[PDB]
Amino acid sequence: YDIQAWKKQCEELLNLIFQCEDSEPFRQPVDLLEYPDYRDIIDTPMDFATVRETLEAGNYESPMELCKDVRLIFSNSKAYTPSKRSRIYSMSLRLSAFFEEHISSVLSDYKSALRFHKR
């Protein structure tokens, strides 16, 4: 029932995501010189360095907020891909499955801790 435990759990999951070769296209903001039309399609860029920095700044109040930003990395990849068979998008799908598999217990434990706090 530790209400704060999610933070270190998210730091550890971000460390694993950074070791994953599938995260390379998503570690830093999409290069606007490489993809000059990016901002015509994507309204809110997001990347894993921005997520890690937001967490370390103490600017996430819950793991649900972190999850919303990580899911935005994947929805941006899906919205920008010219094809559902493209390399970068294909990497995003594997990384998303890995993320969802690991974040589920982080979210469940946090929500359970908050419910216990208000028991």
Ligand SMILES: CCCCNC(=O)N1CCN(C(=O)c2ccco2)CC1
Given for the second form:
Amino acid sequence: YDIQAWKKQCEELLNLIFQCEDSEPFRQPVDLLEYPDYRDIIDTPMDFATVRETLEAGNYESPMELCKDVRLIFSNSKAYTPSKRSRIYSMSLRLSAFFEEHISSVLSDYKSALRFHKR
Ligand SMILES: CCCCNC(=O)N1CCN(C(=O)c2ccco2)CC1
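Same protein, the form solved in complex with the ligand this time rather than the form solved without the ligand?
Every component of the complex follows; first up is the chain already shown.
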């Protein structure tokens, strides 16, 4: 029932994600010079370095907020993909499945801890 345990759990999961080859395209913001129409399609850029920095700054209150930003990385890739068969989109779907498999217990444990706190 540790209300703070999510933060280190999220740091560890981000470490795993940075070790995954599938995260390569999502470790920094999209350079417009490679993809000059990116901001015509994507309203809110997001990447794993921005997520880690936000976490390490103490600017997430809950793992739900972190989860919303990570899911934005994946929705941006689905919105920007010219094909569902894209290399970089296919990497996003595998990384998304890995992230969802690992974040589920982090969320469950946090929400259980908060319910216990307010019991
Ligand atoms: C790590 C910094 C530079 C790598 N980032 C980058 O240029 N990417 C990632 C996001 N992109 C897509 O999700 C996508 C879908 C289909 C094609 O690209 C655009 C290309």
